[PDB]
Amino acid sequence: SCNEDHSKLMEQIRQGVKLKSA
Amino acid sequence: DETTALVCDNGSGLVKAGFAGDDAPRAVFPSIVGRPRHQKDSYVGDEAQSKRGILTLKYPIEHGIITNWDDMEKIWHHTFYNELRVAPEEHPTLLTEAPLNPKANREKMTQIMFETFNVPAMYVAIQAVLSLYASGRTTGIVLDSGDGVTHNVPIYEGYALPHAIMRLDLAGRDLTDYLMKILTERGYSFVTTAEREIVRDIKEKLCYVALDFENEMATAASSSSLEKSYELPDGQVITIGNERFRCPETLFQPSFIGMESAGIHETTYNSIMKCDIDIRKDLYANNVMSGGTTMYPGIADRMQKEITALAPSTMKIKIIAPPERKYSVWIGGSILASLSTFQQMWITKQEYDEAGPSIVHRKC
Ligand SMILES: Nc1ncnc2c1ncn2[C@@H]1O[C@H](COP(=O)(O)OP(=O)(O)OP(=O)(O)O)[C@@H](O)[C@H]1O
Ligand SMILES: [Ca+2]
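Chains as they are written, first to last, in UniProt numbering: chain A, 130 to 151; chain B, 5 to 43, 52 to 376.
So here's chain B without its partners, still in its complex pose:
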């Protein structure tokens, strides 16, 4: 793969990167950069936490938004030179951004890609949209939930609807936190050295969503139907019960981590209600879920149930949970970038040299 396009999706927690045309990211590494805590000069990814002990670790991406441009540069460098092993200047590069990304950010990013990395061509696409594309639709409402943030994004004919976007500062990073908390409140000594890592694995291995939380609690109270076990490496085995479904419940009841916000079913419903009454039909029947925090077993049907209850009785609801939705966004991009009707949509270095960083903002 040379003279081919690159796809780079920068999550709050995870970076996904690869080549357009590929069915999956060749590179998935933690979105973190570490510099020597005292006085080589920088580390990124797995190696940065491997040596967390002698570095100050930082996260360029907070809430899905880029906040540290220097550190973000180191991430992109590590992406091209160290992960993909490619030269940016001979690959058009597609990049992804959060809904509601400020214009100054998009331009700052376009500006770096050109001046600093000297890529021949580039494009910025909104993450949620790519997810939708990945499913083969151009109309619907996406629920993207990654490590740092959660959005509801209504989309109509390839264009998102900014007035109707719902943002929720609750994602997997805080769900892992919640689980770590509870687990400990039951005598399980957990810290960050290496525990934080285990708590996350338990999360993705054992947690699931209850179709009926009140009802599911009573089950785990009257039998051991729902107990499951996890042997730590130390050796100490531990058992989990209602904790398996109480942790993800936080997505529907944020008041579990004490957030007086509303749950993803409500924000999904509110988001649709915020749209043209004539396209609601299309939206209700096209809930596409993306992100790693949507991977919980049972979340699709819980959502289906919750929404059927909020909406009109006559409307047909539908939830689409691609088994690949952990990587939907990236896949969405992988597809786009490879299509031929898209090849005219690239921003060329030439175009940028004439107009300026502002040559990356279109309406319609």
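Isolated chain A, as found in the complex:
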């Protein structure tokens, strides 16, 4: 992206996430 938007995406990633289980 190249702005003050890449850092939040990054931060969000490291945060983690749950994934609907099949």
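Don't read these hints as lab results, they were simulated from the structure.
Hints are not guaranteed to be accurate.
Unchecked claim - Below 25 Å or equal to it, Euclidean Cα-Cα: the simulated SDA-like pairs (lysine to any residue) are: (1) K147/A x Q355/B; (2) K375/B x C131/A; (3) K115/B x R97/B; (4) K149/A x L173/B; (5) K137/A x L173/B.
Let chain A serve as the given structure and place chain B with the ligands on it in line with the hints.
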């Protein structure tokens, strides 16, 4: 799942596809397309090899790179219409590519997705990166090894480092070959009709990596500690010993299939050495492994040992072998696509209609 995002990871050997938000690919099928050998008009996947006998089979993906665009189309069609049972035009679709994918390829792919499939939005992400993401990191060095190729990919803050990428044209497709070879050199008649299939199952069931190859050989020479058995369907049972660990050893010693290339430990070390001296610390302590060819028991610790020996004595090394690394890449994508800070990163059909296929190349 409708109006949701699609994730599609196209390996050299395997296609993984599903829905963003899901913990796993709903669809995993062979990356091959077969057309009538002589004269319906096309087959893909399991059904294509089911009828290999009357078709010319082909692999659109060679070395992780797309080489046959027509066949690749048939794969994507089969993915949407026949596997996921969805309509492309109502699902943003994330796709994956190999490190060092030529720009003309990426654009050709973006161009098809829009003009031919008419997906509302799309994104192309580098496979190795997704693996890294899947582990919850944005900095580290990935070892991705699938069916066709192996890469070392150094990544710093979400961006890969192209100058430092190491490619190795040695993966599972040739390891299965190697094993098929040896097995036979001991009186086991193996061909391709259906054998090739068994040889692969033996590979994933019985092969493992020795922590010390020289040392492990001596063990399998002085006892039957390491023998294991496999009953073919025919009935004929067969026993394996040192073959269980000699096959994967090819990853550390390519000179086993006569490749004068260097092993994955070396290329991993060389890849890091190719990077900024200030980020090596971060990299050494973040080896993330992905791909189905990294699934061998013992590979994590062998790597840990090998790298500790190549690197400075003071550096802390660390290998991360997710039990789900067979599907890391796809999972990595599944995660990304679902995140909200990502929803602005999509390439829209609108954006494409204004600029052109080139609207899919950013730096930084
Ligand atoms: N348990 C296992 N042990 C050893 N090898 C395995 C195991 N499971 C899968 N593999 C191998 O992993 C390979 C497929 O992995 P993967 O789907 O990551 O590759 P791909 O993406 O299709 O190809 P590439 O990434 O090389 O383009 C197959 O060759 C298979 O033999
Ligand atoms: Ca792959």
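Results of checking the hints against the structure:
At roughly 18 Å between alpha-carbon atoms, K147/A and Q355/B fall within 25 Å of each other, so this suggested pair holds. Taking the CA atoms of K375/B and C131/A, the gap is about 7 Å. The hint holds against a cut of 25 Å. At most 25 Å may separate the alpha-carbon atoms for a hinted pair to count; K115/B and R97/B exceed this at roughly 30 Å. For the hint pairing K149/A with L173/B, the CA-to-CA distance comes to about 32 Å; that exceeds 25 Å, so the pair is violated.
Pair hint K137/A plus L173/B holds up; C-alpha atoms about 21 Å apart against a cutoff of 25 Å.
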